[PDB]
Each structure stands twice: as C-alpha cells, then as structure tokens.
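Colleague: The hints should help you fit chains B, C and D onto chain A, whose structure is shown.
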Amino acid sequence: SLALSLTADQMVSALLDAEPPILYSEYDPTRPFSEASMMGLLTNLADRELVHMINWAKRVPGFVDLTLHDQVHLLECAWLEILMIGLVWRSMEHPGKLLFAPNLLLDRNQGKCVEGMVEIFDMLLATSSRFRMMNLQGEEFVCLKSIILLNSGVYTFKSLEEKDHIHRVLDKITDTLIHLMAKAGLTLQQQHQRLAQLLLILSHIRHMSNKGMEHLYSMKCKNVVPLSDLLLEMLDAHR
Amino acid sequence: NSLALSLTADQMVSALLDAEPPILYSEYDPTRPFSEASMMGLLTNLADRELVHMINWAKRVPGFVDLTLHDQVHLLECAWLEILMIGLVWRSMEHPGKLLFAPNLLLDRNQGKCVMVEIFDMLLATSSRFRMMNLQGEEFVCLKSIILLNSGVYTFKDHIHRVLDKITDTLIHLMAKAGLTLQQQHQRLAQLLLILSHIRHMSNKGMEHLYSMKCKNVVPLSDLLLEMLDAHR
Amino acid sequence: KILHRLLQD
Amino acid sequence: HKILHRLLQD
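Chains as they are written, first to last, in our numbering: chain A, 317 to 555; chain B, 178 to 410; chain C, 5 to 13; chain D, 310 to 319.
No lab work stands behind these hints, which were simulated from the structure alone. In this text, a Cβ means the ideal position worked out from N, Cα and C, and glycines have one as well. Watch out, some of these pointers could steer you wrong.
Distance windows between CB atoms, simulated [claimed, not checked]:
| hint | chain 1 | residue 1 | chain 2 | residue 2 | range |
| --- | --- | --- | --- | --- | --- |
| 1 | A | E530 | B | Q313 | 58 to 68 Å |
| 2 | A | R375 | B | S212 | 35 to 45 Å |
| 3 | A | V540 | B | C392 | 19 to 29 Å |
Under the rule of at most 30 Å between Cα atoms (straight-line distance), these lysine-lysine pairs were calculated in the DSS-like manner [said to hold, decoys possible]:
| hint | chain 1 | residue 1 | chain 2 | residue 2 |
| --- | --- | --- | --- | --- |
| 4 | B | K391 | A | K428 |
| 5 | A | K428 | B | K334 |
| 6 | C | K5 | A | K499 |
| 7 | B | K290 | A | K527 |
Next up, chain A with everything else stripped away, as it sits in the complex:
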C-alpha cells in the first residue's frame, strides 16, 4: 500500500491537500433567532460538512485500504469528533467565539438559546484556547484529525489483519508529528512533551463528542430541531 511508503513530508502534503473547504451557513443577521432556528442552522451546516468529510476520509492515507464495512464503522463513531476539532481549529484566532461558519460567530451567550448546549460550548472554547496557547500548527492539526478517524473506532470492532494495518498507519502519523516538531527546533524532550499534550487533547474531544452525542439524541426525541436523514443514521449509530 502507498500509505506505508509515504515519507513524513509526503504525508503532510497528502493531508494538507485533502483539506475540506470551510462552508457557509444560511444565517440571516436581521432575521430573529429562535432556539429551533439556531439548531436548524447548525444541523444544515453539519449535514453539508458530512458530505465533504466522507470524501476527505477517502483521501486519508491507508483509509481506502480498509474494507468498506470498517470505513463505515470508523466514520460512524468519529464523525462528531472530526466536526468538533475542525470547529475548534477554525476558532483559534477568535477568543471567546466559535466560528461555525465565516458568517456565523457565536459566543457562549448565543449558545444559551439551546438548553444544555452551554456546557458543550464552554468545552469547545476551552479546547480552542488550549490550541491557541500551544500555537497549534496546521500541519499538526491535519495529523490529529486523521488520528481521530483511524483511532476512535479501532477498539470497537476473527481476521483482525485490518486492525493491525490501522496501527501501522497510526505509527506513521506519529513519526510525522515528531518530524514536524524536530523541524521547528524543538529538542527531544520538547518533542515528546508536545506529542503527549496534543494526544491528551483527543481525550477531551472524545468526551465532548460523547456529551454532544447524547444532547443530539434528546433533540431527536423533541422533534423540534430538523434532522437530516444522514445525521439520523449517524446518530442512530451510537444508540
């Protein structure tokens, strides 16, 4: 496979080239804003982002080597994590605000329009401020996002030869993260420390996704926020 034959810079090149675009929302600033309209905007945006995420996953090295059943499984458990880390990355340069779209910037005050959303908003803000303090690089972000895709579902799977292949790709991404930090002048002690700090953030992203997934499972029962057929299939994959 070409995934195990890629160098570090070639890995970064492939990941940077496969980046999905930043989509716009249908946000009308003049129009009044109900709790159901804000969620309608967030649902519409996330549904369109999902289509791009699926084609982005195809371009992640090693992902196409997997069986079709495993690709479905990895995306079903990781899709919200990937949306959330993308949101957090876009919001680094906007302290106290979440850039859902270039025309949709929300602070924690607007997040209060949806009940229970406040806690998830604050965790996303805290993750965004952590990236800002660490000065996370774009080359490091695409590595982390691809780690989430390959790691988040590998322990939720007779012939586990495909599981061993995912770990070989994960190790190559680790080599790529280290190659980036050594390129930026960090010492060996600094490289290992930064690598650990980044991967520990993925634990909190999993936490946010789990808490977010159960907030989405309740709004489906309320039937007030519209839910697309793809998102309902993604949401039912966790229940």
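Modeller: Using the frame of chain A, we list chains B, C and D on its own:
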C-alpha cells in the same frame, strides 16, 4: 513551588508504585449464578470500597496535594470511573476473555448479560490491547495518574500541565530503559495515550448506564457514589 | 446506509 | 457539603 517537579524519573516511578492501592475482595458467598440485582450489588459494593482507597491514592500522586481542595474534588469527580476501569483492565491482563473485578470474582461476557454487555466487550478489548503491548506496571501507574490530572483540567492549569509533562518524561525514561529505540519510544508513547481516549469513551458510556440504574433503583447506591455520579449530570 | 452509498460512489 | 471533601481532608 511544588515538590513533584524536583523528583527524578526513578523517584517518580517509586512514589507511584508505593502509592498503589490494594486489590480488594468481593463477598465470599458467591451464589455464582447471578441476577441483575445481585451482580450490580456486588459491583456497587466493590466500587464503593475502592473509591475510599482511590482518594488516598490520589493524595500520594506527586503534585496532587499542591492543588486546592476544589480542584482536587473536580479532578476526582471527573476521572473516578476511568481510574476504576483502567484498574480493572490492568488486573484482567493475565486473564484473556475475563474481567478480574476481584480475586474471587472473575466474570466473562456471558455474565455481563444479566445486566452492560457492550461495556464488557470494550473492557475486554482494552485488556487484550494492553496484553499485546506487554504493558508494564511502571507504565500503568504513569497512565493512571495521567488520567487523574488530565481528564478534568480542560473543564476548569499551569501547575497541572507541568506535572503532566513530568510524567511524560517518566514514561519515555521507562522506555529508553527497556532498550527501545528513539522511534519506538514516541510510537509506544502515542499508542498508550490513544488508549486513554477509549478509556474516556468507556467511562462516558458507563456513566450513562449508572444513571439508568439510579432511576431504575434496582441496586441501592451509596451516597458517595451518588455524589460522584450526580457530578456528571 | 447513506454513509455506505456515499463511500462507494 | 460533600463526602468527597471529608475523605480528602482525612
């Protein structure tokens, strides 16, 4: 200033090893064919007694005593189920296909059907992964303290992150000691830390289940467990 | 599954 | 007023 940052790597390992809590027992009259109320009763009684030792283990984690009382409460409230799970998973390494809740309480996935079969399989998968990696006890005590300090720090910091980096140095120092090359050192570091994401996932799914048993009132939960469980809303 | 079809095309 | 406070101070 704190005392944990002056400790060398070996001093950090020994301090964590010596702080290890004991392996407690379940009730001795088994009546091994379990029901839902009986199995949940045994697990609740065991987890309640382990929590007392965990709180005393946490005080002995270098750097943990230097936090305010409110900060210590927040970290333990957010991480207590993760710490119980990585403890259970570590005990179950040498018993593939089984979960060693206690030396007199070895359960398989068939037993998990009386209540949580999906959480059983996840725990067994984590134990099998640790067994494949040949996880060492010096590595396990570092991972468990990382969970204690990391899981809640983003929900409040500079002192905690300095301590987290200290354990990172300790993990690498343990891998270079075992003869691993430089590339093998950061590869193994990444593999271990990525498993913490799944442990977090198991805790979240597990906490959901315990919230159901409270509203089901199937097994009486202790007030301490009720306070730890209620802290997750 | 919609996800399955989109991963094929 | 938490049991966790007492156990952390004992």
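Colleague: Give a verdict on every hint.
Modeller: Going through the hints against the structure:
{"no.": "1", "hint": "A:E530 x B:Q313: 58 to 68 Å", "in the structure": "36 Å, violated"}
{"no.": "2", "hint": "A:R375 x B:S212: 35 to 45 Å", "in the structure": "51 Å, violated"}
{"no.": "3", "hint": "A:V540 x B:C392: 19 to 29 Å", "in the structure": "24 Å, holds"}
{"no.": "4", "hint": "B:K391 x A:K428", "in the structure": "28 Å, holds"}
{"no.": "5", "hint": "A:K428 x B:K334", "in the structure": "26 Å, holds"}
{"no.": "6", "hint": "C:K5 x A:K499", "in the structure": "43 Å, violated"}
{"no.": "7", "hint": "B:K290 x A:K527", "in the structure": "25 Å, holds"}
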